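Spelled out from the first residue to the last, the chains are:
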Amino acid sequence: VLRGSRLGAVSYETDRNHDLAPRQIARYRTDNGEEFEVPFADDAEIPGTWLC
Amino acid sequence: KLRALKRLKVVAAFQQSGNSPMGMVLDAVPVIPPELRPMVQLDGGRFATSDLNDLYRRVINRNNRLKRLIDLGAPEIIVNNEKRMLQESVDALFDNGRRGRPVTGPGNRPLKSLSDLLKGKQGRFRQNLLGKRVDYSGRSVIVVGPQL
Amino acid sequence: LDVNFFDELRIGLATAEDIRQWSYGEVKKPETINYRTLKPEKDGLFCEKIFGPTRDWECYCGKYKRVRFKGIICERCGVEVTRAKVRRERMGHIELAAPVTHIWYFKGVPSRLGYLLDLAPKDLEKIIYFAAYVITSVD
Amino acid sequence: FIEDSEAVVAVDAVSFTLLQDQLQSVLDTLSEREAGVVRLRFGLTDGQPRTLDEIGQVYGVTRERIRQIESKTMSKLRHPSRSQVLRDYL
Amino acid sequence: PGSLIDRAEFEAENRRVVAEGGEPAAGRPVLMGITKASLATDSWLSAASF
Amino acid sequence: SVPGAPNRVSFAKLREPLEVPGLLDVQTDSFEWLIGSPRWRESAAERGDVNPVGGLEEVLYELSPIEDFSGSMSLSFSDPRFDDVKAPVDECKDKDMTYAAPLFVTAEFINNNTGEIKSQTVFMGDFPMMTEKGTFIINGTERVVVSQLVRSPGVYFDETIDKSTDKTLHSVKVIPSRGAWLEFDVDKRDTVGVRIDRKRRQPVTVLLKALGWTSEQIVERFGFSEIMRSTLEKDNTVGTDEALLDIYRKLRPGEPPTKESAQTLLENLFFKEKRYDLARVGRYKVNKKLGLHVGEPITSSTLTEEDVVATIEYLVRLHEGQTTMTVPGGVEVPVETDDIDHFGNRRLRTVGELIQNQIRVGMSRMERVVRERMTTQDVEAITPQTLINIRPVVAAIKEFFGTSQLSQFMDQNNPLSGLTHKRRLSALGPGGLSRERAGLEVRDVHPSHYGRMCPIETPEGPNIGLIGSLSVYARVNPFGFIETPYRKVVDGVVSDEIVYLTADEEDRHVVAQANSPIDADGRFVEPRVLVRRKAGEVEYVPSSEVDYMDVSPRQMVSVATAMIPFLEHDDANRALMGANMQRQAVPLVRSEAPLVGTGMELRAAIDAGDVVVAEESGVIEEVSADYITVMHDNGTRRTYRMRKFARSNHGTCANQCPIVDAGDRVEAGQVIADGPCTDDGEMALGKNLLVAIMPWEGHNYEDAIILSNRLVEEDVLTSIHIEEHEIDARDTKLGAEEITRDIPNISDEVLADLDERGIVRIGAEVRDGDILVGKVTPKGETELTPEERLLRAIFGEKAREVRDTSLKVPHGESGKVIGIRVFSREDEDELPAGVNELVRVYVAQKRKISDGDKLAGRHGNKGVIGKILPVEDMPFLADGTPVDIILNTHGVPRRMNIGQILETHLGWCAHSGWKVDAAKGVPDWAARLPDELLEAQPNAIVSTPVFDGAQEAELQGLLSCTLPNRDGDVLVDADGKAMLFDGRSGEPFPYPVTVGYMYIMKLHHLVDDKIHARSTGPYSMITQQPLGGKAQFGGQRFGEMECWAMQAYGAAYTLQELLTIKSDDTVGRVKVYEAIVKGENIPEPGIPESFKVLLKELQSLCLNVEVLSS
RNA sequence: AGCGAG
DNA sequence: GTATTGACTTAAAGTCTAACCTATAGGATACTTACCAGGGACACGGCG
Ligand SMILES: [Mg+2]
Ligand SMILES: [Zn+2]
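Protein chains in written order, with PDB author numbering: chain A, 5 to 56; chain F, 289 to 436; chain D, 2 to 140; chain G, 438 to 527; chain S, 1177 to 1226; chain H, 31 to 1140.
Don't take every hint at face value.
[Said to hold, decoys possible] Simulated pairs of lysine to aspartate or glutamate, DMTMM-like, Cα-Cα distance not exceeding 20 Å:
(1) H:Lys1122 with F:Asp404
(2) D:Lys40 with H:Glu350
(3) D:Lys64 with A:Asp46
(4) H:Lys1108 with G:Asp525
(5) F:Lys355 with D:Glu27
(6) D:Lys86 with G:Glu443
(7) D:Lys66 with H:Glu818
(8) H:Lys197 with H:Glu350
(9) D:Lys29 with A:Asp46
(10) H:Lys319 with H:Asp215
(11) F:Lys355 with A:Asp35
(12) D:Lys127 with F:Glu364
(13) H:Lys43 with H:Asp551
(14) H:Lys229 with H:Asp217
(15) H:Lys218 with H:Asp196
(16) D:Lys66 with A:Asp46
(17) D:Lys29 with D:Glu42
Quick caveat, the hints were computed from the structure, so don't treat them as lab data.
All chains, please: the whole structure from these sequences, using the hints.
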C-alpha cells in the first residue's frame, strides 16, 4: 500500500470532562457590530485584537 | 400559457416556502473541511493533493487579485475581465466542464470538481453510501462438495 | 448524534449569512503547507487556526497541550486545542470581492434564474459573463 | 489505494485498554502509598507528570522520601512475579 | 395544471376542500414510467441517489 | 524444415505451397523500416526501389527546410544515423536502464541573406531500440508495442434512408489526418450541401464560387444531375466574392470580414500542408478511389480543388445511380458506397507508425520552440547545436514508451503468450475507437477478415472484437494494409506463384478455396469449385476462370488458434476460449510435447524467441547446465549462455536448459536449448493425462475436475513461481533509513536469518510475515503515553527514536530466496533521487496442483479442481493403470466441443501405437492416409493440422488397430471406450467408459493467488470502508445489488450491521472489536462516516442541508 | 491497460 | 525499614548573539489581438 499520512498524529488519552483547566470567555467586537466570544485561558493576557 | 406555466413551477417554489430567491447569487463561498480534501505525504515524500485545493486556490487567487485591482483603481476593462474570471473560477469549482472547456490539470485531464463527487456510478451517492466495503469478509474460488 | 433523533433531512438554499455562519473563519490566502517544514500555513486552505489542529490537543506552536487544556485557544497562534478529527467537520468561507451566481441555478436546463427573472438563457449568460449590460431600474 | 496511517487500528486500541486495566490491577496489588507515588510520578491518574518536589509538597514530606519510596516501588514491580503480567505489552 | 400529484394526496386535498367552500379540482389518471415514477418520489435523498 | 526437430508425423492430406512466414515480422520489419536499416533498404529496393525512405528520414525530410517569418535564414535536417546501443540487452534488463541507442542527425543552418552554411551532428536523443525478439526494454521492464487498427484516411461514401420521406440520401466524408472534416451531405430536399468543419451546412455552389467557379462552369461540370441544377437555382448566392464573404462570415464569426482573410482562410484550411496533411496513405486512397493521379508517384499530400470537385461529382453521380465516371485526365472508377469496416479501409499503425507519429509530435514541438527563439537569436552568433532543443523529442518518446496505451506490459506467461502479444491488432487507443464509443458493428466479423485477422482468437470480456490476432500468413502492406497470400490459378490451372493481395484486390477477384482437389496437372479435377466473391458472399461458383486460390488451409486462423487440434469439430465459442486459454498456461517444471498436436507447435516455439537456436552451423564443443560453447566450421567459436531460473513479468519461471550433447553437430537455426514451455524445441504448454469421461460421485460436477494423486506425487502438474519484493532506503527529514539487523524492539529470533548487513540470506526459507530486509526509519520525538513510559522503566528500555519499516514476506506467501539484487548510491549505482539503497529479494515457491486451481485442455474445456483422489480409489483399466483425470460427460454434448473427445481417442492411439493390417492392399478407409502412418510405434507424437487432419473414418480405423500394450489385450474396443474398475467398490463399472490421453494445461488462475480474508486492516483516506484488494488487506465490496438482496430477505439488522460497523462507523468499529474480544454484546451502530462526508459535500455546494431532530 | 466469472 | 541533611552533578530552560531565510522592490533600444456510438427527452428559433 502507498501508506500515506495526514501528518499530525493521534493521541488516545482518556477523555476527561471533570477536572478541566479554568477558562475566561473574552468578548470581542468587529467593525460590523458583531460580537464574538473566545475562550482564552486565565493564565495569559487577553489580546487586544482577534481575527474573528 | 405553456411558458407561463413552466415559470410558475419556479416562481411558486420561492413563494410557497419562505426561501428568498437570493441564494442563487453568492457573496461567500463555503470551504469544505481540509480532511475531505486531504494532502497526504505518500511513501517517498511525494505529496498528493486532493484536486479540490487547486480549484479553491484558483478561486482565492482571482478573488484576491480582484480585491487588489479594485483597491488600486483600474480601468473597467481589466476589472470586468477579473470579475468574469472569478465567476468562471467559482463555476469550475462547483461544476467543471458545464460551461466551456473543462478546467484541466497536469496531463491534460479535467479537474475533479466539487459536483463530480456526487454524480455517477462512481459518485458518492452510489459508490460509498449504498454500497460499501466491509470488514470480516473474504473471497475464494468455489469447488463442489457433494459430501456436504 | 443518534439515528433515532434523525426524523427529517431538509435541503434548501444556503444564503450568504448561512455560509458565513457555518464558517469558523475565512480562508484569505491561497496556501496549503510550508515547502520545508511541511506544516499547515496561516490563513491558508489547510489553516490550523480555522479548521482545527492536525495533531490531537495542541496549538500550532506548542504552548497548550493535552486534554487538560480542552477547549482553549493558544493566544500566540490562535489554534483551538482539541481533537484533530474536527478537521473533517469544520468549514471555512471565502468572502468574494464581487458577487457570483451559483452555476446550478443558471446553466442547468431549464435555467431557474431565467425562469424566475424571465430572462432568456442567452441573455442571462451575456449579463452574468460581462457580454451585455442590463437595466435594473427606470424612473 | 492510500491507507490512513493514523486511524484507530482497533487492535492496539483494545491492547491499550487491557494494558491500562492490568496495570491498574498490578498497581493495586502493591501498598497504597507506593501506588500513589508511581501514579503521580508518571501522571497516570490525570495525565500530568511531576517530579519529586511536587509529590513531596502535596504529601508534606521532603523530596528525598518520595524518591526513596519510588526506588522501592520500581524494585518491587520489576520482580518476575509482577512482570509476566505486564510483558507482551512493550 | 399539468402537475402530477399522488392520488392519495389528491383525495386528501379534495376532502379538505369540500368543506369551507367546495372547489373540486378535476383530475385525470396518468401512466408514468419506472424512471419518471421513481424521480417523482417525495424523498429527495432517494431520487438524488437514483 | 527446421534442422533438428522431433519427428511429428502428420495426418495432412494437402501440401503447403508457402512456408509459414517470420511470425514476428510484424514488429521487426516495421521497426527496421523506421530505423532505415540496410536489411529494410534491400527488402524495399526489391519491391519499389524508386523511393526507399525510412520513417525517421521521412520525418526529417518533411520537417526540413524551415525558415522564419522573414525567411532571412533557414534550418534543415539530414542523414539520421544511430550509434551502437548503450548496453547489452541482458544488462539493460538487469540494471533498469532502457535499451536504447544514441540518435545523430546532421543539421544545416543557412543564413539566406549573408550566405553561410553551418552543419553539425545534434544528438536528437537516446532512441529506444527493439530487441531481436521484437520487443522493447524500457526501465528494465519488457514492453511490446501492439499494432493499432485505425480508419484509413480518405473519402468514404455512404447511403442511408430517411423515415420522413423514405428516400435514399447519400453522403461523403473526406477524413484527413489532423484536418477539418468536409461532409458533402445530401438531404431529403433535392439539394447537395457542404458542411465545412461541422458548421451549419452550406450549398455546394457557395463553395464552388468560393473556389472561383462560375455558374456556367458549375453547370458545365456538375450539370447532368437535377440536384445540382436545383442547388444552383435555390442557392441565391450571386458572385465569387459573395460566396467568399458568406463562407468567412460562417467559418470564423466575430472578427471583421475582409477579402484577404476570406480567401487565404480556405486556402490555409484545405490546400496548405500546415493544417490539412492527408498523409501518404490518405492521398493514395483518395487518388485510387477517384482515379485522379494513378500513374504519378505520391507527394504533397495536401489537397487540390480538383479533388473536392471530383468528390462532389462522384457523390452526385452516385445519387443519380451511375456506375462509372471518368474524371478529365483520370482513369474511370466505379461509383459505389464505401464500407468503413472493410480491410481496404482499416489500416494498421504498426510499431513503426506509432513511434514515427510520436517523433513527429516531438519534432513539431522542437520546431515551434526553434521558431520562437529564432526571433531572439543574435544573427551570426547561432549554430544548430545551440539552436536545437532535443528535450521535447526525448520527452515525447519517453512518455510514449511509458504510459501510452499501445505500449503494453509484455505478457510472458509462456512463449505463446509473448508471441501472441505481438501479432495483436487492437482497435482502441490514441486516435482509435474506445470501448464505450465503439459501436456494435465494429466488433463483428467481416468477410474481409479471412486471412488477415483471426475470427476466433479474441478477448471474451468487454473487449470482444476490438482486439484480434494477425493470421499466420498475413503480411502488412507498406501503406499499412494487411495482405494475404494466394496461388495464382491461370486457365483453371493452379500454380505456385504466390501473390499477396490486400482486401480490395481480393474483392475484385473470384478467389477459390484451399482444399479444392487438383488433378496433379495443376488443373482442377472437378467442375463446381468452391469460391468467394467481392461482396463477401460465399455461394455457387462459375466453374473454371477463377483467378486466385487460397495458399493453404488454416490461412484464416492465428498462431494460438492453429495449435488446437480438431478445431473444425469445436464451436466458435469453445475454440475462442481454448485459444485465449492456451496463453494462460503456466510453465511447468518438465513440459511434455503433446501426443496430438499440429504443425504450428515447432514454429511457434522457434519464433517465440524464448528457445535458443544456433546462429551458425558447428559442432558442440562443451555443454553444461549454464552455457553451450560451439565450435563453428571455420575457427571461431561462440558461447550461448542460458537464462536459469529467471523471473518473467507475470511471476512465472524462465528456465532454459540445453538439449544437445557434447559432440553433436548442429546446423544453423537448430534449437540447442529448450525454453520454459518447450520440449525438444516444440511448444509444450501442459501434460498428457490419462482421462476418463464419466461422471464420478458428483466431485466432477459442473465443469469441476478430479485428479489422481499421482499427478502430485510424480510432480507433473507443478510450477515454479518467483516473486520479487523491493524495498529502498530513502532520505527523510529526520535523516536516512538504514538497512541492518538492528530492528527496534523485535527479538533475536526474527532477526535470525538476516545477514550481517540486513537483507536475508540466499536459500533461507521464509513464510508469510518473516523479515526479508531489515530497515529502520527515524521517528522523530513523539509523546510516549504515561503507561508506556512506566512500562519502559519497569522493563528498562529506551524509545530508540527510530521506527521500523522493514520489508516482510507479505501475507499468504512463502518460499526459498533465490537471490538478492542490491543497488546502492555509495557504490555509485543509478538510483532515483533521494534514495541511498534499493534491495530486491527473489522468493521462489514450487506450487503443486491443488483443489481450486484452474485446468483446461485446448478445446475450451476449462474447470477448477474439485478433489485430488488417492491413486488407490481411482478408476483403473483392466491392466491396472489408474486414470489421472476424470472429466464430466455432461459438458461435451451441449458446449459443442466434441473435438476434445476426438483428441482423446487419437491421443490414446498415439500412446499405444497402431498397425494397419495391409495384408490384402490398404483398407478403403486408409487409401488416402499418408504413407508411413500405417504403422506407428507406441507413444508416437502425431499432428492433425487445423482444417486438414485425421478424418473421423481414419480415426475409427486407427482405433480398431491399436497394437496391444504388453500382452495380447486391447484395452480399448473399436468404439474407443474401456471397461474400468471402480477404485472404491472394486466391482467393474457396468458399462465401458471413454478413456484416452488428453493434453491438459495448468492455467495461471491458481487458488493461492485467489484466496483472501480480512477481519480488520487499512482504511481509506477520505472515507472509511476499508481499502479494497487482496494486495492491501482488503474488504469485500458489498454493493447495491447485494444490499437489495438483503432487503428482500427482510434482514434489516444484518444490513445495518454491515453498512455501519463492519464498514464505515469509526466509533462503533473499535467498539465492536472490544465487544468481540471481551465477550460483551455487539454495541448499537452509529451514523456511517460517509453520510457526514456527504453532508459536508452538499453544504460546500451552497446547499443548506440540516438534520432536523423532529 | 491487458485478464477472469456471469 | 523509614524518618532526614548536606553536598554533587545534570537536563531544561531562558536568553543574547549571529546567519540564513523571507517579503519586497527594481531593472529604460524596441518589441502592442493565443491557440467516429446511439437513444431518449426537453428546450429554443423558423416557418407557415
Ligand atoms: Mg462460470
Ligand atoms: Zn500556540
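Going through the hints against the structure:
no.: 1; hint: H:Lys1122 with F:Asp404; verdict: 17 Å, holds
no.: 2; hint: D:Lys40 with H:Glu350; verdict: 76 Å, violated
no.: 3; hint: D:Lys64 with A:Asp46; verdict: 14 Å, holds
no.: 4; hint: H:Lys1108 with G:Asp525; verdict: 18 Å, holds
no.: 5; hint: F:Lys355 with D:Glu27; verdict: 15 Å, holds
no.: 6; hint: D:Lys86 with G:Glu443; verdict: 11 Å, holds
no.: 7; hint: D:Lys66 with H:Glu818; verdict: 19 Å, holds
no.: 8; hint: H:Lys197 with H:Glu350; verdict: 12 Å, holds
no.: 9; hint: D:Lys29 with A:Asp46; verdict: 30 Å, violated
no.: 10; hint: H:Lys319 with H:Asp215; verdict: 18 Å, holds
no.: 11; hint: F:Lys355 with A:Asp35; verdict: 19 Å, holds
no.: 12; hint: D:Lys127 with F:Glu364; verdict: 17 Å, holds
no.: 13; hint: H:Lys43 with H:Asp551; verdict: 17 Å, holds
no.: 14; hint: H:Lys229 with H:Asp217; verdict: 15 Å, holds
no.: 15; hint: H:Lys218 with H:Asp196; verdict: 9 Å, holds
no.: 16; hint: D:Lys66 with A:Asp46; verdict: 15 Å, holds
no.: 17; hint: D:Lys29 with D:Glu42; verdict: 11 Å, holds
Hints 2 and 9 from the list above are not met by this structure, while the remaining hints are.
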